[PDB]
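**Q** Each chain, written out:
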Amino acid sequence: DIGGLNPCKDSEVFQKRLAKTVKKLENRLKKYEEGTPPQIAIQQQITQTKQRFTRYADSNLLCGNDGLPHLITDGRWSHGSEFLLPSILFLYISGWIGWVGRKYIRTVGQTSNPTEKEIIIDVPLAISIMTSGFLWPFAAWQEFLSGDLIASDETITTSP
Amino acid sequence: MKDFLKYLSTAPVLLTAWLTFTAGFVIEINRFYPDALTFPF
Amino acid sequence: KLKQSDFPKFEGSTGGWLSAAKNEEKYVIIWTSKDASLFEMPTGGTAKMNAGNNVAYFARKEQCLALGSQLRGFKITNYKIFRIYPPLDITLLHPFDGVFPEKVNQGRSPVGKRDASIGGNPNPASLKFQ
Amino acid sequence: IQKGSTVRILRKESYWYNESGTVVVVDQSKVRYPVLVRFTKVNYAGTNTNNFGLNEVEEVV
Amino acid sequence: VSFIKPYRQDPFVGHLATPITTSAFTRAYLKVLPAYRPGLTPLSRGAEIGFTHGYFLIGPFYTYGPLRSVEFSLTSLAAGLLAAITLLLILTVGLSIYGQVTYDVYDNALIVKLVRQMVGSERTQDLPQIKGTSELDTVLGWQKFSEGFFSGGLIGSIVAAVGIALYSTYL
Amino acid sequence: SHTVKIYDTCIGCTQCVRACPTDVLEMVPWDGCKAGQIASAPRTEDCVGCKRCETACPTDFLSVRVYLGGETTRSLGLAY
Amino acid sequence: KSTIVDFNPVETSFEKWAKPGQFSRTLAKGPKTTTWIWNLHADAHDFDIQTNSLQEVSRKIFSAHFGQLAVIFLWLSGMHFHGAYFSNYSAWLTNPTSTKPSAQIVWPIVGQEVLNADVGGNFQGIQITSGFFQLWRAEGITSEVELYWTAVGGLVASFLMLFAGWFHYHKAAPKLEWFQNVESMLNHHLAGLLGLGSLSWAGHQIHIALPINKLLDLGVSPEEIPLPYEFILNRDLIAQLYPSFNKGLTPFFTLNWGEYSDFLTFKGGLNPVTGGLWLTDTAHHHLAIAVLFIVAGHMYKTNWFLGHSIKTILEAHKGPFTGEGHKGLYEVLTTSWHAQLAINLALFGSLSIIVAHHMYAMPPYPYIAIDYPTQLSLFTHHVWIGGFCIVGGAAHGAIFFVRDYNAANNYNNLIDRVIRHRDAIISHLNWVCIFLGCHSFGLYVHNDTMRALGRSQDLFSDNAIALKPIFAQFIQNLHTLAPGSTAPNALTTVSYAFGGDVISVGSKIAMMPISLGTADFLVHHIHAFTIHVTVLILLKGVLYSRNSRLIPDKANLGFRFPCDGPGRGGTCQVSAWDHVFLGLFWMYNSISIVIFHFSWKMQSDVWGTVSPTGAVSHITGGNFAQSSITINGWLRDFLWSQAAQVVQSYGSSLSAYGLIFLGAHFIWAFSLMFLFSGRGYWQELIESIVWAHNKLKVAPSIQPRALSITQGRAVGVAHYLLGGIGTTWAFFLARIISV
Ligand code: CLA
Ligand code: CLA
Ligand code: CLA
Ligand code: CLA
Ligand SMILES: CC1=C(C/C=C(\C)CCC[C@H](C)CCC[C@H](C)CCCC(C)C)C(=O)c2ccccc2C1=O
Ligand code: SF4
Ligand code: SF4
Ligand code: SF4
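Residue numbers (the deposited numbering), protein chains in the order written: chain f, 25 to 184; chain j, 1 to 41; chain d, 4 to 133; chain e, 2 to 62; chain l, 2 to 172; chain c, 2 to 81; chain a, 6 to 744.
Note that these hints are calculated values from the structure, not bench results.
Yeah, the Cβ is synthetic: ideal placement off N, Cα and C, and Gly gets one too.
Each hint should be verified, as a subset may be incorrect.
Beyond 10 angstroms from chain f on every Cβ pair, some chain a residues (computed) [said to hold, decoys possible]: (1) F78; (2) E229; (3) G575; (4) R710.
Here are the simulated BS3-like cross-link-like pairs (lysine-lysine), alpha carbons at most 27 angstroms apart as the crow flies [as the list claims (entries may be wrong)]: (5) a/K21 / a/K252; (6) d/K6 / l/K32; (7) j/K2 / a/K65.
Whenever a hint applies, use it, and build me the whole structure from the sequences.
**A** What follows is the structure in structure tokens.
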């Protein structure tokens, strides 16, 4: 399909990889005894390996000639769960972190001892700001509009 | 317990607690839903 | 024991002057002490002052000045440093006008003074090929 | 400008250039740099105050 | 008693009078060496130094060279002799250039007195200054020293080769 | 020998002079500051370039500046 | 109002916990730049600059020692708890020669359960190379319940040491005179601590370890072995194994000590069953050590008209060559903690290295000689600890010289006379270092270039120009002849390394004569050269810590400073700290070469298997003798060859070793950013980053500053050491566990 890849559900090398891993795990399982915790752990390993391979097969995942899932990150929504949705999730979380950090910096920057409140965090104010970051996309595009997001010329510059 | 709570509010203790909590929920997500290569949806 | 009676009671160290302070220049520091205090040489180890005139020779001006700075801790202030060329060419160096450089004395003219801050320095591109 | 006034540093070779400081005292004598300004941010040497000329400081409204 | 004292009663020299720097054994041993033995012209000092140095220099080249032989070989001896002679030539070249760039004097122990008496108001470093009063510290003295080193090195290397051959053959 | 320049931002606090290890700087009368004194560099032939002078300078970007230049047995700190 | 302690000196309060940097006069005002944060940790334990009183520094040091001992006890309790709960110690007891010791199981997350290896005994976990199983077996511990109780005791002891530290800082802090009783302290540490510890351990060995281990070697399973207390209440369970307890303590009090030859032997060699030292020999050794140390503890005058005064001993040791001699050394070592730390750390690291040598040389634990990973790990770890401690001793000697050295109090004594001729010492040490390096390494390079040029007969090899270590071979011959000639009451040599028979346990070689040839000559001279260069750097740091021809007042700049300036042609790293930094680098080099020599020589010429007919086959096959004489040989037949197991560990239970190999490479390369660069570039880059932050109104109030020059060097050296040591750690562990 895309880039010459093929779905992993029809990739023979993918099933060969699964079979080889299961065979190695079973051979390891053979050298232990009865329902002893080592055998239980190896059986859990086998079950998890089978579940992971089955989930990857039924996941709209494209496999190359090596039988490994390749990620299609050109931007198409068909393979949108590989990069685009995790990209949105990370952008949300990281914007949350950056927004709460910036808000805390600007909030304790207007107190008597701004530097003290950076090594000794005001946990009440920190908790107040941190749970308010869920609106960071909206807060950012409400502070940029008011001109409160960017400094203009009070920023320092070197000699040249 | 007025200065002890202030000690717990210091940068190292707070960072250690936050990173321990963060690693904790990451590890537990990866335990309950392991081997997640793509978005579940 | 020693060449001169005013030398500090030092046992000699392999950190003193070398062939340079026999053909280029040597520095001598003189001072008078009330007590035979035990002090640390700028070159080696511990020496003993004389209860009176003290004279020490060094290879660098910095060594003599370090010794003098140590002397200030002994409430010794009259120390004076001279430069001796290969022959007996003595030149008083440190108390140049009899007053230490940290105290303002009349009769000193400013040397190396620019009537502007750092930002007034000329651009290097205008100082090419001169 | 006077004591307690807020000024912007116009000296380019300054750790507080384009920044705002608080005037501690403006000397009335014939010194070259009478304006003494105190800043909240220490410079690279650790100091937080410096003497500036009358044309190197601009009062903030 | 104390066996370490300031050198020549000067506590400011970078030196000490230890039982090795200023011992009678050290005095006599260094005064019998060619470099400091009294009554020797610079040519004689160079000749003796070259003889000794070539004599002990042929050894390592012949024994451990690229053409060794557990038995006696004329080729091994010739190789060691040639290597020693060429090394002496390199050392003589170094001596010659060092003397060329170091001194500008033809008769020492006088010029110092002349400029300490009749004044030295010139470009200095030739009239005034002048480090060392030995005859080895002149342009002429060092040239003869290098010549003696070179000739004595050749002669001593040849003598040592002959001795090595005799020892390996008749013993 | 190195080059040492003094600039009129000098406040005459003497910290440069009392930090020089080779007695290069000295305090001279002046009328451009409250202290009535300014640093001078009349013995730059002894300047070693250690820059202790400008480590003790409290003015914003320094009032004593050391420009390293040609080397000498005095400026190289050679005891030999 | 006791005469030794002060009661309630410091109030137990949490107020100062909320004020970081309260100890320092400079840091107490609060942070203004990020340099304050780093200065906070760099001055935490520098008690000299926190108080101006030696008494307060001593009390802080005493409580810090208590905290450290509590930490050590907690670590030991954790080890015993892991042995009790997460180990296969019981299975390893019944099959020491076929079960690999494991005492750490790994949780099944993110696929990391592959690290649980097939260590044997129906167990999965990480193979343990600390030798705790062998130590516990030598202690007579035959059950995991005993390990649990030892862990509980360790926890109780750790709490006790914590309480002791709190008590002796806040409730009853000793006075300076108590700390300065060096005669009493030496008497107690020599008699009580050392001698009585040896005596108590000899008692434990004789009554618990001797019978239990004898029964274990006889084949008795641990379940039917009597509980250890039964060997004390019943004089018949121990009198069957050692038929000399039937006479009781009467032979001891009647001076008929020959009767106790049953369990106090002098045999030498190794136990043929376990491959370790005879535990009867060990018990006799500890008894003799106890008596010797107890006797040695009655030397210094403490409170009666009896014993020696260390001041009078030192002051009487003058000489013609040494002026006043040791006069003033007693005042130096009783008023400066840094001098004591220097001596103790140097001798402590040297002792650690000696311990490392004697460990593999004479394996003291049952079934530890045939556990090659344990032997390799123990040697390498102890040598690393020794090198670090020696560098620390040099560092604290330099610190004493900078800070606590008084010129007036040391007029014409040994310290003064050493400083007075430091030039001669350093110049001759420089010449020796150049001579040794030229020779050792250039002989290596000559071998390499002769081999590369196809001239095999021109090498410094055994089949070529040969450099036989005749002096060491003479000593080896003297030791193998000692039993019956110079040690007439010995039955076997102290170690089979000096010569004798091949000792094998379960077809695996325990010890064997270590032949010394031209390959050992070169590597030994490499060791000497590296040690000499490290000594050169550290001694130059100590001697030139106060002054020099460059900076005549270097003592006024302190122990830790980056430079004096770009003048004098450049005065970088003139400190004494910058010498402990370079010396750390050279110690890493020396110890790395030492452990490489040990690993290759053991694998190639000691360790291996013995055929039933007596044929010895080694791990590598004797390639050390002919291929360790060239640098290409070290690169190929050792590094490249034995790195195969590390690089091929992916997918196996040793994959963690490959991951740590790669990560240690990454950290070592990361160090070079700090080691090669300078502060100005990073400060000017932080300037633009701060511009961006200010543009987005997110510039922190604590101004971010690049790490100071000294801290940049410290970070660089710490990362370099961590990366190199971790790379060697992963390489050694993977290689010696795979094969
Ligand atoms: C939490 C606040 C915060 C915010 C909003 C930003 C924002 C920014 N940083 Mg930044 N930074 C921060 C903290 C922050 N930084 C810290 C703590 C450090 C020290 C490690 C840096 C080091 C740093 C460098 C070296 C660079 C930036 C750069 C940038 C810009 C591009 C984004 C980027 O590369 O991220 C960079 C982010 C990191 C390197 C990791 C930050 C470390 C953690 C995640 C942040 C700290 C969280 C904090 C403890 C939360 C506490 C708040 C709570 C008490 C309420 C952007 C202006 C770049 C730039 O100038 O581009 C224009 C750049 O080169 N930053
Ligand atoms: C026979 C008596 C005796 C014994 C056994 C010890 C033992 C010890 N002393 Mg000690 N000491 C003694 C007498 C004694 N001392 C006297 C008389 C003085 C006064 C001059 C000192 C002054 C002194 C100082 C100043 C320091 C020590 C330190 C140490 C420890 C060294 C660390 C070590 O080797 O770890 C081995 C560890 C163990 C074997 C663990 C078990 C040891 C336990 C704690 C028994 C300790 C015995 C104790 C003195 C009994 C007092 C109990 C109390 C209720 C009165 C060690 C525990 C150093 C230390 O670490 O500080 C804590 C230290 O800095 N001692
Ligand atoms: C008995 C051992 C001992 C003791 C008591 C001390 C005590 C002291 N040393 Mg010292 N030192 C030691 C051993 C010791 N050292 C050794 C072995 C070395 C050689 C490396 C040194 C080298 C040394 C130097 C070069 C200096 C000191 C200094 C000091 C003083 C201040 C220490 C401080 O505040 O650090 C506080 C503690 C820290 C900053 C901890 C830093 C963290 C380390 C560097 C990294 C450890 C990594 C660890 C192994 C984990 C890595 C694993 C990774 C995967 C994460 C203090 C008196 C300093 C001083 O000014 O003395 C007056 C100083 O300049 N020491
Ligand atoms: C492979 C890299 C390397 C090498 C070769 C050296 C070599 C040396 N270091 Mg070292 N060093 C290194 C890395 C290295 N270092 C690193 C990374 C650091 C950073 C921490 C240091 C830090 C350091 C310090 C701090 C010190 C040294 C010292 C020394 C010298 C010890 C004396 C000696 O053996 O001289 C003999 C020279 C050699 C063994 C080099 C090879 C010479 C060959 C084998 C023989 C001669 C070849 C011949 C002349 C070639 C002629 C032909 C040619 C003209 C074409 C020596 C020059 C010490 C010193 O100054 O010397 C006493 C010292 O104090 N080093
Ligand atoms: C990068 C660099 C800096 C800048 C480095 C800085 C500012 C350090 C920043 C450290 C951050 C802020 C905290 C550490 C973050 C790590 C992720 C934590 C360590 C990892 C743990 C597992 C220990 C210097 O200041 C410097 C100075 C002198 C020589 C070389 C250099 C140099 O190379
Ligand atoms: S460099 Fe700076 S400090 Fe050193 S002498 Fe010249 S001026 Fe004085
Ligand atoms: S340093 Fe700057 S301020 Fe301090 S004295 Fe010299 S000139 Fe005046
Ligand atoms: S900065 Fe680096 S280079 Fe410049 S002086 Fe200090 S150390 Fe020497």
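**Q** Hint by hint, say whether it matches the structure.
**A** Now the hints, each set against the structure:
1. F78: Answer for a/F78: holds, closest chain f Cβ roughly 31 angstroms.
2. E229: 23 angstroms, holds
3. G575: Check passes; 26 angstroms lies beyond 10 angstroms.
4. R710: 13 angstroms, holds
5. a/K21 / a/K252: Status violated; Cα separation ~63 angstroms.
6. d/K6 / l/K32: 26 angstroms, holds
7. j/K2 / a/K65: Satisfied, since the Cα-Cα distance of roughly 26 angstroms is no more than 27 angstroms.
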